[PDB]
Structure formats: C-alpha cells, structure tokens
Amino acid sequence: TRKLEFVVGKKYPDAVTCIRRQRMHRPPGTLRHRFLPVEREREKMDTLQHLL
Amino acid sequence: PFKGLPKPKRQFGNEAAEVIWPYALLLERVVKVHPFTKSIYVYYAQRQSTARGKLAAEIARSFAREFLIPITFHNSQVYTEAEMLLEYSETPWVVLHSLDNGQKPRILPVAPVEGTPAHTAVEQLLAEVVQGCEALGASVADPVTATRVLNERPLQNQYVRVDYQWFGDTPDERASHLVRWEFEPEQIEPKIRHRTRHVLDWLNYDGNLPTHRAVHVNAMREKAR
Amino acid sequence: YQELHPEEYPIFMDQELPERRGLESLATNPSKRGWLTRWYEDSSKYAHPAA
Amino acid sequence: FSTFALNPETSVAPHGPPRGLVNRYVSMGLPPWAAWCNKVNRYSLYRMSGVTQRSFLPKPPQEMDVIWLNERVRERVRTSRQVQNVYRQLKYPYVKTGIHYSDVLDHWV
Amino acid sequence: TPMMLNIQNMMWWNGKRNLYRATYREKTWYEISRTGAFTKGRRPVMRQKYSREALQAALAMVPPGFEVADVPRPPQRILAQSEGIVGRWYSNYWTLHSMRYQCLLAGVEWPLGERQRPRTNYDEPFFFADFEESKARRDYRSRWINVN
Amino acid sequence: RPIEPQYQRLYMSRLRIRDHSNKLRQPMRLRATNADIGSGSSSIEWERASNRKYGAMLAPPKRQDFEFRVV
Amino acid sequence: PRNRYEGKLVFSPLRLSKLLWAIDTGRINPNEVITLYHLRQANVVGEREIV
Amino acid sequence: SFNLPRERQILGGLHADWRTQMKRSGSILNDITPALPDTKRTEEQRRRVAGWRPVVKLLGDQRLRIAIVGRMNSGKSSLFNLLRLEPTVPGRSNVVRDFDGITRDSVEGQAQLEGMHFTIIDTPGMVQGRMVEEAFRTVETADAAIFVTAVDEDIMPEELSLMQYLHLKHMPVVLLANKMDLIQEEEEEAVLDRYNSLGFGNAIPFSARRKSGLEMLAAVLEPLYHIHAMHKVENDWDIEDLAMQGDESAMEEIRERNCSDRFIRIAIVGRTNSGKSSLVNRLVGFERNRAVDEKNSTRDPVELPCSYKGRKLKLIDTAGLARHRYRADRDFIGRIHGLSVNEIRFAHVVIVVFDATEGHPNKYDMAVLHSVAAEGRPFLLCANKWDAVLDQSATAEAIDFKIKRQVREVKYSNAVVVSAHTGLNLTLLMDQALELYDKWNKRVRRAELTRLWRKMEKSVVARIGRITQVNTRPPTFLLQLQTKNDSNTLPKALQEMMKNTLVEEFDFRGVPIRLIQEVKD
Amino acid sequence: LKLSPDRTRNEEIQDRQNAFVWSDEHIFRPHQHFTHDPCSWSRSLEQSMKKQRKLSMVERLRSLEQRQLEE
RNA sequence: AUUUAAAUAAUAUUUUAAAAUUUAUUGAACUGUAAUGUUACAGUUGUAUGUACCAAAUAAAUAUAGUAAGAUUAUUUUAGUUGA
Ligand SMILES: Nc1nc2c(ncn2[C@@H]2O[C@H](COP(=O)(O)OP(=O)(O)OP(=O)(O)O)[C@@H](O)[C@H]2O)c(=O)[nH]1
Ligand SMILES: Nc1nc2c(ncn2[C@@H]2O[C@H](COP(=O)(O)OP(=O)(O)OP(=O)(O)O)[C@@H](O)[C@H]2O)c(=O)[nH]1
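Protein chains in written order, with my numbering: chain E, 1 to 52; chain F, 1 to 225; chain L, 1 to 51; chain Z, 1 to 109; chain S, 1 to 148; chain B, 1 to 71; chain D, 1 to 51; chain U, 1 to 521; chain G, 1 to 71.
Simulated from the structure, these hints should not be mistaken for lab results.
For each residue, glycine too, the CB sits at the ideal point set by N, CA and C.
Certain hints may be false.
Stated by the list, open to error - Pair by pair, the computed Cβ-Cβ distance ranges are: (1) S:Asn121 / L:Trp35: 22 to 30 Å; (2) F:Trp166 / S:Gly36: 33 to 41 Å; (3) S:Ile78 / L:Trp35: 35 to 43 Å; (4) Z:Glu9 / F:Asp142: 25 to 33 Å; (5) G:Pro5 / U:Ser487: 40 to 48 Å.
Make the full structure from the sequences, and use the hints.
Encoded structure:
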C-alpha cells in the first residue's frame with residue numbers, strides 16, 4: 001500500500017522487492033465467490049443458517 | 001407535609017420542637033448569639049412548692065417556648081433543648097456550652113425580680129442568656145480552632161418543623177425580593193444536552209439567530225391573506 | 001488605579017480587600033511577604049467582633 | 001482507584017462565564033444562567049434588557065374596541081432542535097366576553 | 001409582521017416605516033444602552049459644590065428625627081440624578097450622600113447619621129423582626145463570622 | 001509536539017493579514033498578553049478613559065453596594 | 001491552555017536588574033519606599049504593561 | 001416614609017435555579033414521569049375483579065421465589081439485574097436511574113448466584129408509605145424476602161411499617177445494606193449497629209457498583225434453597241402417592257409435559273394507552289400488573305408463565321412503542337421502546353393491540369406490524385376497547401380495509417376484537433395465537449412445493465427447478481436458480497407473488513415467509 | 001451509543017475500575033499492618049472520595065451520639 | 001519565573017459578468033373566464049395565457065463571483081534548478 005511503500009522507500013533506500021504483479025492483489029485460482037443479496041438485514045441470519 | 005427531617009427529641013419539655021412553627025413567628029423572633037456557643041439547655045421543674053419558685057418556672061417555660069426554637073433556627077450551629085424534671089424545685093436554670101471542649105459549661109439561674117410582667121421577665125432572661133453566651137465565646141481559648149470546629153460542625157436546626165405561609169418554600173422564593181450575588185458558577189452553570197437552546201427557550205431571546213424559513217412562509221401566507 | 005492616580009482622590013477611599021484567590025496566594029502568604037499576613041495571623045479578630 | 005474520575009485533591013481550571021459576566025447579567029435583571037446565550041453584542045444586550053417594550057395592540061388606542069387593560073400581543077421565540085435557526089410566533093390574551101351586571105343600570109351588560 | 005420577518009423598512013432606504021414603532025424617540029437605543037451615563041458607576045451626580053455656610057443652611061432646613069438609613073438606594077432602572085437643594089433634598093438618596101461627602105470635605109459636622117449602623121456587641125434589643133429578611137444577612141456579626 | 005510547519009505558517013499568515021503594508025510590525029500573538037491588552041488603554045483617547053485602563057475587565061468584579069435593587 | 005480567565009494572576013515581568021539599573025542611573029530614589037506609582041512617574045515602565 | 005415597594009428582582013417571572021426552570025419546562029427535559037401512586041379502586045371495581053375468571057392458568061414457579069423489597073433508590077433494581085441471568089432473552093435489563101420510583105410494575109426473572117437456580121422478584125418502591133396491591137401480591141407469593149436499604153438515607157417510618165407488615169405476614173426476611181461503598185469504617189460501625197438493633201439481625205453489607213456481597217448473599221440463601229428443594233420433592237412424592245385421584249395424575253402429566261416441551265413466548269405490543277396491561281390482567285385472571293390512565297403506565301417488560309389448554313407459554317407485556325418524533329425529544333421513553341423492541345425480536349408470537357375507540361389501526365400500528373413481520377414472528381392484530389367503541393360494524397369494516405390495503409404478508413394478518421373490562425373473545429385470541437404458532441412451526445412437503453411451483457409457472461429471467469423448506473420455526477423456502485450468473489436473481493415483485501402464493505396455498509396466513517435465491521455451482 | 005443510561009461511559013469505567021478490592025485479591029497477615037501498606041495512595045484517594053459526599057444518616061447518628069456523650 | 005531583542009503600527013485587498021433569490025408595487029385596453037363595448041377576479045398566481053424575451057412587468061440590491069469566463073494601462077532588461 002501507499003503507507004508501506006513510502007515508509008520502506010524513504011527509510012531503506014536499498015530495499016529489494018519480491019513481487020509477482022500478475023498474481024499480486026488477487027485471490028487464488030482455487031477460490032470461488034458468492035455474493036448473496038439480502039432484502040433486509042433480518043434475512044441474513046436465515047441465509048447464514050442455510051449456508052451452514 | 002414534611003418528610004425526611006430528623007425526629008426531634010421526645011422529652012417532656014421539648015414540646016416546641018414537636019409543634020409546627022409558622023415562619024411569621026420565627027421572623028418576629030430573631031436572636032443572634034455568639035456562634036462559639038454550642039448548646040443551650042433549659043431545665044425547669046414540673047411543680048414548685050413556693051410561689052416565687054412557681055413564677056420562676058413559669059417564666060422559664062415561657063422563655064423556652066418563645067425564644068428557644070428561634071435561636072436554633074437563626075443560628076444553625078446552636079443546639080437548643082428544654083427539659084421538665086418530675087421533681088419539686090424553685091430554681092430553674094440554663095446550661096450554656098461552647099465549641100471549645102476544654103471550656104467549662106456555664107450555668108445561669110432564673111432569678112425573677114419582686115414583680116414584673118411575663119414579657120419583661122422573658123426579655124431579661126433572654127438578655128442574660130445572650131450576655132452569658134457572648135462572655136463564654138469571648139473567653140474561649142484558641143479562637144482559630146473554635147472557628148474551624150464551627151466550619152466542620154453540621155447544622156443543628158434540621159429538626160425544626162417550620163411552616164412557610166406566603167414567603168415561599170425554597171430559599172429562592174423566600175429571597176425573590178433581593179439580589180443574590182453569592183452564587184457559584186459551577187452550580188449556576190446549566191448541565192443539559194443543549195443548555196443554550198433551553199436557556200433561549202426559557203427567556204425569549206434569540207442569540208442573533210436567523211428566523212425560520214417556515215416562519216417566513218407562514219408570514220408571507222398571512223400577508224397574502 | 002488609585003495608586004497610579006492619587007491626584008484624583010483627595011481622601012483615602014475605603015479600599016476593598018482582595019478576592020479569595022489573592023488572600024490565599026499573595027496577600028496572606030508569609031513566603032511572598034503578603035501585606036495581610038499579620039492580619040491573618042491575628043487572633044482577637046476571631047475572638048470577638050469588637051477586635 | 002479509578003483514573004477516569006477527577007482526583008479530590010486536583011482542582012480543574014475555571015471554564016464557565018466569570019463572576020463579572022454573571023454580575024452584569026444579574027444587574028441587567030436576569031437569572032445567572034441567562035448568561036448562556038449563543039451570541040451577544042451591545043444591541044443584543046439592549047434588546048434583552050427589557051427596558052424597551054416590544055409589543056403592540058391589534059388596533060391603535062383610539063380604535064381598539066376591546067378592553068385590553070395591560071395585555072398586549074407578544075412574539076415568543078423558540079430555537080429549533082438545532083440551535084442554528086429560530087422560529088417566532090405571536091401570542092394574544094385570553095379574551096372573555098364579560099357578561100356583568102351593573103347596579104346603576106339594573107340590567108345585565 | 002415586518003419586524004418578525006426582519007424587513008429593513010427605513011424612510012431613507014425604501015420610504016417605508018413600521019407602524020408599531022413610535023414616531024418620536026427621546027433617546028436612541030444607543031443612548032438607552034449606555035448605562036455609565038445613566039447610573040452611578042463613577043460619574044458625579046451633584047455638580048453644585050456648596051460652601052460651609054450653605055451646607056449648614058441645608059442641614060438646618062433638614063427636619064429633625066431623620067436618619068440616613070431611612071432613604072434606600074434607588075434601583076438600577078432609575079436615573080441616578082442629584083438635584084440641588086431645590087426642596088426636601090434629604091429624600092433624594094444621591095443628593096443626600098453627595099452633601100454628606102461635601103460636608104466631610106469641608107469639615108462640617110454631619111448630624112444625620114450613617115447609612116448602616118455597625119452593631120459590634122450583643123446589646124438591646126436582643127430580638128428583632130425583619131419581615132424583609134435582609135437585616136439578618138446584612139448584620140455585621142453575620143458578615144464577620146462568615147469572613148472568619 | 002509541534003504542529004506541522006505548514007499549518008503553523010498558515011495560522012501565522014492569518015495572524016499577519018491584519019496589517020500587510022507594515023513589514024516592521026511583528027505578527028499578532030495567539031493569546032493576548034499584558035502589553036497588547038494595555039496598549040489600547042495607553043493610547044491618549046483611552047488614556048483619558050479611566051474606566052478601561054489597567055486591565056479593568058481582567059480584574060475581578062467590584063463589590064456591590066450594601067443595598068442593591070434592579071426594578 | 002494558558003487561558004487568561006478573569007481573575008487569573010498574570011503579572012507583567014519587572015527585571016530586578018532593570019530596577020537596579022534605574023536606581024543606579026538615578027531615576028528612582030533609594031531613600032523612599034519604591035512603588036508602582038514611583039516607577040511609572042520615573043518612567044521606568046510604560047502604560048502598556050500596567051495591566 | 002421614604003421606602004420603595006417590595007418587588008421581585010429577576011424579571012419575567014423566571015427562576016434563579018436552572019433546575020427549577022427545567023422542571024417548569026417539563027417533558028422534553030424530564031422524560032421520566034414521577035412515581036405512580038396506588039390507583040383509586042372503587043368497590044364496584046373490586047367486585048368485578050373478584051368476579052373475573054382466569055382464561056389461562058398461571059404456573060407457580062417450582063424454583064425458590066425470593067422477592068426484594070425496600071424504599072425507592074435502595075439499589076433493589078441494581079441487585080435484581082446483577083442476580084438475574086436470562087440465557088434465552090438477551091437485553092432484559094431493568095431500567096435503573098437516579099430518580100424515585102423508576103420501577104413501575106413488579107418484574108420476575110430467573111437468577112443464580114453459585115449454581116443455585118431460583119426466581120427473583122423486583123417490586124416498586126414504597127410510595128405514599130403504602131406499597132401497591134401488585135407489590136403486596138408479589139411479596140405474598142414470594143417464599144423469601146430481602147429488605148434492601150441504603151446508608152445515604154436514614155431509615156423511615158415507611159420502612160418501619162413495611163418491616164412490621166412483613167413480620168405480621170411471617171415472611172422470612174433478610175436485611176441488606178446496598179450502599180456500603182459510600183460510607184467509611186467508623187460510620188460503618190454505627191450504621192451496622194443500628195441495623196442490628198432494628199431487630200431482624202446482622203444486616204449483610206453490599207454494594208451494587210462494587211458487586212460486593214454476592215458471594216456472601218449466596219451463603220445466606222442456601223438454607224432456603226435447600227429447604228425449598230426438600231419441600232418440592234415432598235410435594236412431588238405426595239402427588240405420586242395420591243395420583244389415583246385423577247386431578248393429581250393430571251398435575252403430574254402437566255409437570256412432565258412442560259419439561260418434555262418448550263414454552264412459547266407470546267409478546268403483547270402496542271402504543272402507550274392501547275390497553276395491553278388490562279388485556280394481560282384479564283388473561284391472567286387478576287391485576288398482576290397495574291393499569292392507569294397515564295400514557296406510559298409501565299416502563300419495563302413483564303413475563304408471566306402460564307398454560308392454556310395444556311400448552312405452556314410465557315405471556316409478555318411491554319411498556320409501549322412510540323414514534324421517533326417523540327422518542328428523540330424523550331430518549332428515556334426511547335430506552336423503554338428499545339427494551340420492548342428487544343423482546344419483540346425474541347418473541348415466538350406477537351399480538352399488537354390497538355384501541356378500537358380510535359376506529360381503525362394507526363399508521364404506527366401498521367409500522368409495528370410490519371416490523372414484527374420482518375423480524376419473522378407470527379403477528380396478530382387485536383382491537384381493544386370493543387365494549388366501548390360505538391359503531392362496531394364501521395370499526396370492523398375500517399380494520400378490514402386497512403388489512404387489505406396492507407401490501408406485504410401483513411395483508412394476511414387476522415384481526416380479532418377483544419375487550420378487557422368485559423372480557424370478550426379472550427379464548428378465541430389465545431386459540432388464534434396457538435394456531436399462529438403451529439403454522440409458524442408447520443412443515444411442507446418438497447414434492448408439494450415442486451408441483452405448486454410448476455403449476456404457478458404454467459399459470460403465470462431465470463427459472464427455478466428445486467424449491468424446498470430449509471428452516472422450520474420461521475418458514476424459509478430455498479429456491480434454486482438455473483443460472484450461474486450470481487446477480488441474476490428474481491424480481492422482488494416475483495418473489496412477493498411467490499410468497500403470497502405459498503401463504504394462500506399452505507395456510508401460512510398469519511405467518512411471515514422467507515425466500516433464498518440460490519444459484520447453481 | 002446507550003440511549004438513556006444512568007451511567008455515562010466515564011461513570012461505567014469508574015464503576016468497573018472501583019470493583020477491584022485488594023483485600024479479596026490478596027491476603028494480609030497481621031504483622032504487615034505495622035510495616036507495610038500496599039493500599040496507601042489508592043486507599044487515601046478512596047477515603048477522600050467518600051469524604052466528598054456527606055451522609056445524612058451517619059452525620060445524624062454521630063451528632064446524636066455526641067449529644068448523649070455531652071451530658 | 002535559573003535566564004540574552006525590537007522602528008505600537010491597525011482602516012486596504014483587481015475589474016466585467018451567475019440560471020439568481022429577496023422586499024414592495026402595478027397591470028384584465030392584449031389575452032382567458034363569469035356577467036350583459038362594459039363590469040368582477042392578478043404573481044404560494046388570476047383564468048396555455050395575463051400588453052410584440054411568462055422562471056411576467058415596475059422599483060430597490062453590488063448573493064457562497066466561489067469549485068464559469070474575459071479583461072487588467074510602465075520597451076531598451078542583468079544571476080540558481082524545466083516533470084519534482
Ligand atoms: N454508591 C452506590 N450507588 C448505587 C448502588 N446501587 C445503586 N446505586 C444508585 O442508586 C440509584 C437508584 O437506582 P436503582 O436502585 O436501580 O433504582 P430502583 O432500585 O429500581 O429504585 P426505584 O427506581 O425507586 O424503583 C442508581 O441510579 C444508582 O446510581 C450502589 O451499590 N452503590
Ligand atoms: N372501557 C374499556 N377500556 C379499556 C379496555 N381495555 C383497556 N382499556 C383502557 O386502558 C386503560 C388502562 O391502561 P392499561 O390497561 O394499563 O393500558 P396502557 O395504558 O397501555 O398501560 P401499559 O400497557 O402498561 O403501558 C383504561 O383507562 C381503559 O380506558 C376495555 O376493554 N374497555
């Protein structure tokens with residue numbers, strides 16, 4: 001992030017960085033996502049019970 | 001009518017403490033005694049063999065009933081009590097203490113003159129008691145310590161069953177006709193969520209605040225009508 | 001003001017005593033040589049109103 | 001003991017309006033707490049003093065048919081829930097039709 | 001209502017004027033507001049400075065059986081003005097004490113008395129009635145005790 | 001801890017803007033001091049005004065009269 | 001912080017060195033009890049710092 | 001001669017005390033109303049109360065009953081909320097404030113100190129030196145009593161009279177001093193000596209703020225707990241021995257099936273002056289609570305166990321619900337509104353009272369009904385003051401019109417007319433509540449759901465193939481979408497229509513329904 | 001967040017911090033009363049806090065006892 | 001309060017221009033109604049329009065002119081960095 005990069009750059013100028021931009025800031029490929037909408041906050045408990 | 005006040009001593013001579021005192025009588029009888037005085041105890045006898053003794057007891061009872069509760073009420077640091085003893089006697093007396101525990105209490109007898117009215121006898125007894133209290137206070141040793149004890153002492157007039165008639169129940173109501181400069185900023189400072197709002201509502205002054213758009217609309221509608 | 005402009009006061013006007021803060025801190029402070037230290041230390045004034 | 005309570009020995013600095021300001025308000029003739037106002041200047045002090053009466057009658061004195069001894073129309077001011085704005089409203093006395101009987105006339109008026 | 005609406009109706013501005021105001025104002029709001037020129041803060045009130053004989057004549061015309069304690073200080077909402085010796089000046093609180101100060105300056109004996117009587121010791125009368133509830137608080141003994 | 005020099009400069013500027021032509025005039029103080037409070041009374045026009053001289057408002061209130069009424 | 005609430009004792013400094021220098025120069029008479037009025041009249045202090 | 005007329009100094013009739021000015025201002029500032037004195041009960045009212053009958057049977061808690069008594073601001077409510085522990089209804093905290101008589105009505109709750117489970121009762125503080133009849137009834141019902149007193153206020157003739165009354169009734173009482181943290185050792189000696197000389201015995205010190213004495217209090221109650229357990233087991237043995245009579249056999253059946261089943265939480269809600277307190281008094285058969293013409297008569301929830309037609313339940317009365325407009329000005333009534341909402345959120349059935357004298361339910365009444373529907377509790381509507389309303393037919397038509405105009409499942413809410421004073425249709429109301437709970441817990445068949453969905457699809461986005469009822473208590477149906485696009489859910493209109501179809505077909509009339517849009521994966 | 005609590009956040013913190021009692025949290029043997037005082041500053045502050053208030057009951061009891069002793 | 005300065009002086013702050021809004025007032029000779037050319041009804045508004053710009057007309061005003069834009073009067077000069 002901005003904070004980390006600025007702190008490291010301004011304090012340890014000779015700091016090496018090991019990053020793979022292609023897979024950085026992304027979830028793994030073996031992860032599935034499900035964004036469930038709820039009509040109201042009350043339905044969230046029922047949705048959680050259903051998932052369990 | 002009044003609850004929470006301490007119950008007065010139930011002695012046979014302490015009828016004044018039990019009886020309700022109209023505020024008018026207390027205002028009429030205002031007696032100031034040296035605050036170094038601590039306690040006043042009038043002691044008289046139920047029955048007296050001699051006629052002079054009976055007169056002395058009568059004047060002592062009258063003095064108690066008249067100027068005993070007022071002294072306590074108007075001093076707030078003097079404990080005044082009256083007691084009738086089931087015993088023959090002709091020399092009622094008064095015991096005066098002081099805030100100096102090392103000061104011997106003083107005893108003032110009742111010595112009626114040959115012939116005088118009850119009012120004059122009571123006034124003379126009150127004058128003698130006041131002079132004795134003043135002398136005792138002046139003779140007290142370590143006046144600085146006496147004043148510290150006075151500061152630390154509670155109020156002894158809390159058992160008085162006063163009856164405010166038209167002056168007002170609260171001190172503010174009773175002193176409404178006077179300006180009180182002896183205020184405390186911490187006590188006067190309102191402590192509520194919107195103290196400025198409530199103060200402006202109480203006293204109808206706008207803190208240089210603009211009028212309301214609803215008021216403007218209503219005024220324009222009325223002007224149209 | 002009276003000390004700085006005595007010209008305007010031909011007579012010694014009654015001088016009010018300072019406030020409680022002044023009495024505690026300066027006027028009645030032996031360390032500061034407060035001018036009311038003697039008066040505060042006196043005892044007859046506590047003894048009787050006459051004194 | 002608890003550190004969230006002011007120590008009895010400690011004395012916090014005075015913060016509220018001073019005795020001078022409270023005395024000014026009292027001399028003007030208002031309660032001490034009346035010193036708590038959003039803003040105040042010379043004109044506002046004059047306005048809130050009360051020496052000047054900001055009231056009126058529905059009709060001029062030579063036209064007011066009703067008997068108003070000392071009652072006059074007065075506008076009361078109330079701040080909103082937020083102290084930002086204020087609304088004012090006029091208030092009138094309680095007019096009761098006095099149906100009296102006069103001994104001289106012997107008939108109800 | 002124009003005043004409620006905060007409408008600037010002024011004759012020199014728009015030729016209008018509110019109908020609830022007064023046509024003549026003896027002293028403007030600033031003049032009313034300035035209190036130091038209205039009350040006895042520091043300003044002197046009686047400009048006349050009489051001589052010893054004139055002060056003696058004033059005291060002579062003062063009737064007997066009169067005490068300074070019988071003239072209460074007028075409230076703050078009353079003009080603090082000191083008329084001359086025009087009439088019963090002793091009734092006027094400010095003129096009375098101004099003459100008192102003039103007599104003090106001139107060395108003229110002041111027989112009327114003091115505004116307040118300090119009661120140093122406990123003497124007769126021992127019981128007094130004060131339905132105004134001010135004498136007990138103003139008593140010198142009470143003040144002395146509180147100070148101590 | 002000292003505030004940021006940028007914000008301090010901004011605030012000192014807001015204090016300076018009172019009198020800009022006079023470069024010799026030092027910036028106004030954050031809290032008024034004795035000299036600043038007394039200069040106004042020291043001026044001649046206020047030198048004649050005895051009611052506002054020598055910290056009249058700063059000093060505690062005067063004792064009110066034995067009898068005081070507001071009606 | 002450092003609020004000048006009414007009644008606060010905020011004294012203006014008076015350098016003892018300044019007073020001694022005034023005495024040495026001769027603007028203040030040692031034979032008299034020095035007071036703020038004497039200092040003002042001798043002009044060792046200005047009206048700006050008399051609050 | 002020369003004197004000025006006596007006259008007030010402060011102008012405008014104001015007061016130099018902002019507290020006096022505040023009390024003059026009133027409601028917006030002092031939200032808490034003063035103590036409620038005992039109501040004036042007429043002889044006719046007493047006769048009618050005696051003539052009343054209990055439509056439900058109130059159950060005497062088998063656990064030891066301990067009641068806390070004393071004057072106002074004695075720490076009784078603080079001690080009660082320290083001892084109490086509700087595992088099933090979180091947020092049940094009795095209102096505690098520095099005012100006098102904050103507790104309006106008696107409350108009861110299960111409490112435990114050191115593994116000893118009992119039921120503790122809080123009662124209103126003494127007012128006018130005469131405890132209210134509800135307080136007397138609760139104290140008499142309670143097995144033991146703790147008389148709690150403060151040290152910042154000397155004992156009073158009211159406390160002396162209460163102690164004498166307890167002695168006359170032979171109530172085992174233990175004396176507690178609840179504000180010993182405000183007093184010092186030298187003063188502690190004197191106050192404890194006075195309490196000992198009172199006559200009861202060594203007064204147990206205690207401090208609610210410090211939570212000190214709880215361990216010591218438990219030791220004092222343990223003998224009572226043990227003897228109460230012995231008495232309970234003796235009674236059980238007697239019932240077993242005498243079961244041949246038949247009434248005792250039925251009692252044993254009740255005491256077995258109550259453990260074999262679970263209570264149903266019936267919560268009565270409404271506006272300030274609806275009459276819920278009167279309704280619960282009629283249901284229980286006497287005036288367990290107190291009903292007064294004052295708007296906010298009671299400030300804390302009350303729970304009463306009872307069995308109706310052999311089905312355990314806990315009838316709950318709430319303080320009342322107020323609109324946000326009023327609550328914002330008076331947060332305190334906002335506090336009691338929040339307390340009531342907390343219990344509504346945990347109730348198993350909700351019954352909303354609205355005064356029929358108004359002629360029809362209010363917009364806020366419909367708001368409360370929608371709120372309970374969203375929470376997911378079987379909601380019922382009851383029109384009170386039916387014996388007082390004039391145009392019964394017009395009122396019924398207005399109620400039906402409002403119900404029909406309601407849009408969500410509230411449109412299926414059933415309205416019943418009930419009168420407290422007369423006691424009309426109370427049995428019908430209880431029967432409807434039980435039926436609503438049964439519908440709430442009802443189950444549906446997957447094959448039936450699938451056939452119903454197929455018929456609906458043929459009769460009237462991404463379709464669905466599987467519909468099943470996942471949850472039981474609140475009926476929730478899971479519908480699976482034949483699409484992998486996670487945002488291609490069903491329209492809200494379509495889902496509302498599906499819910500209405502389910503309500504119409506499976507008789508979930510007064511029961512809310514929930515749907516879950518699921519996508520394959 | 002609390003709507004109408006009798007205790008503000010500071011009051012709740014004070015009440016929870018004052019629940020601590022060294023007497024129950026530790027032991028104290030008789031010999032230590034003459035050579036050690038773990039609760040010196042905190043106990044002095046607690047006693048001062050108690051002194052801040054004035055209990056009518058205890059004051060009246062003490063006054064009555066003193067009156068009885070005087071005779 | 002161990003412990004170094006100083007020339008107490010204030011008033012000013014481009015310019016043109018916001019769909020503006022506010023206050024007060026007039027207009028039914030045009031137009032739109034009712035009445036039988038005339039009368040009555042008008043800007044929190046009368047019946048698309050209300051006198052050849054309907055967010056009308058007349059009079060007053062210099063609104064956060066700012067996060068619109070434009071203009072802005074004195075050649076021959078005399079010192080640091082051109083994307084941080
Ligand atoms: N110092 C101290 N104060 C307490 C203690 N317990 C309660 N209080 C105070 O006493 C006040 C009274 O609150 P409660 O005791 O809850 O009120 P209540 O018991 O229901 O009494 P009523 O409202 O009259 O029915 C509270 O506001 C607390 O501040 C205690 O243990 N120590
Ligand atoms: N005539 C009549 N009045 C009723 C009936 N039921 C309730 N009430 C009214 O309810 C009032 C009593 O108030 P409560 O019963 O305590 O109801 P509440 O005002 O909501 O009190 P709380 O619910 O405890 O806050 C009485 O004055 C009646 O007017 C009824 O069946 N008939």
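Quick rundown of the hints versus the structure:
1. S:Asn121 / L:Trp35: 22 to 30 Å: holds (29 Å)
2. F:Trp166 / S:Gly36: 33 to 41 Å: Given about 39 Å between the Cβ atoms, the range holds.
3. S:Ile78 / L:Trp35: 35 to 43 Å: holds (39 Å)
4. Z:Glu9 / F:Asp142: 25 to 33 Å: Taking Cβ atoms as reference, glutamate 9 of chain Z and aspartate 142 of chain F lie about 27 Å apart, which means the hint holds.
5. G:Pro5 / U:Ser487: 40 to 48 Å: Since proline 5 of chain G and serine 487 of chain U have Cβ atoms about 43 Å apart, the given range 40 to 48 Å holds.
Checked against the numbered hints above, the structure breaks none of them.
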